[PDB]
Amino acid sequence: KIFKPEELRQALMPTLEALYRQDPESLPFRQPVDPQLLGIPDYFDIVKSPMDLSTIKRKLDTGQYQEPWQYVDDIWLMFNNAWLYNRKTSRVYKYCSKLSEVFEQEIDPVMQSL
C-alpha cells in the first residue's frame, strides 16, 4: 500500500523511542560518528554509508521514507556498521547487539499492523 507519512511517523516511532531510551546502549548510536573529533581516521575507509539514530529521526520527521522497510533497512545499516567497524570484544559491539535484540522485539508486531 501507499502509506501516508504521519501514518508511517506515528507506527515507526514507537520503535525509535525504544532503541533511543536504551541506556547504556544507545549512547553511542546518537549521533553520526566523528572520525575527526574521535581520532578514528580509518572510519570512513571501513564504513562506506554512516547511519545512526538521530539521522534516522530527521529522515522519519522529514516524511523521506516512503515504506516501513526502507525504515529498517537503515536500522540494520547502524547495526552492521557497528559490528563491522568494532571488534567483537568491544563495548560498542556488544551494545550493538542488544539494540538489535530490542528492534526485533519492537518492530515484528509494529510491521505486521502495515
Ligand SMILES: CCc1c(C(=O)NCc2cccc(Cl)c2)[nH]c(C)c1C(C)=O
Contents of the next structure:
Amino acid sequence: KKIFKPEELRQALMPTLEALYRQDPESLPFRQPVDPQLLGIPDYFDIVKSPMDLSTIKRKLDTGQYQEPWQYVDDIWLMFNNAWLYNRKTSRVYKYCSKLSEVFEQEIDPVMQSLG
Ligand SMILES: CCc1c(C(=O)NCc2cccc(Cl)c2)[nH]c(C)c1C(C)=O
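For the form deposited with the named molecule bound instead of the form deposited without the named molecule, what are the coordinates?
Following is the full complex, with the preceding chain placed first.
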C-alpha cells in the first residue's frame, strides 16, 4: 500500500508517455481526443463510453489526477482498447494502435517493476 508523491509519479511515468507521443507516425491518431463530428463517425460514443487519448493522459499526469501508477496504466490500456474495439483489424488506426502498444510494453515494463 505504498503512496507516491504526485511529482515522483509524474517523473517516473512521463518518459513512457513521451516515448508514445513521439512515435511517428503511429502516435498521430492518438495525440488528441477522437472527434466524432469532424470524422463523420456519429456512432463512436455509442461504442466508446470512456474516451481516452495521449493529451488527456498528459493533462492528468500534470494536474495530479493519478493517485497511484496503475491508474495511469489503466488509462493507457483504455485508450488502446477503445481503438481496438471500434476500428476494424485491417484499418490503419488499428495497426498503429498495436504498434504503439508494443512500444508501451517495452517502456512500461521496467518502470512498473521499479515502482508498483
Ligand atoms: C479513425 C478515427 C480515429 C483517429 C484519428 O485520429 N483519425 C484521423 C487521423 C489523423 C491523423 C493521422 C491518422 Cl492515421 C488518422 N484516432 C482514433 C483513436 C480513431 C478511432 C475511431 O479510434
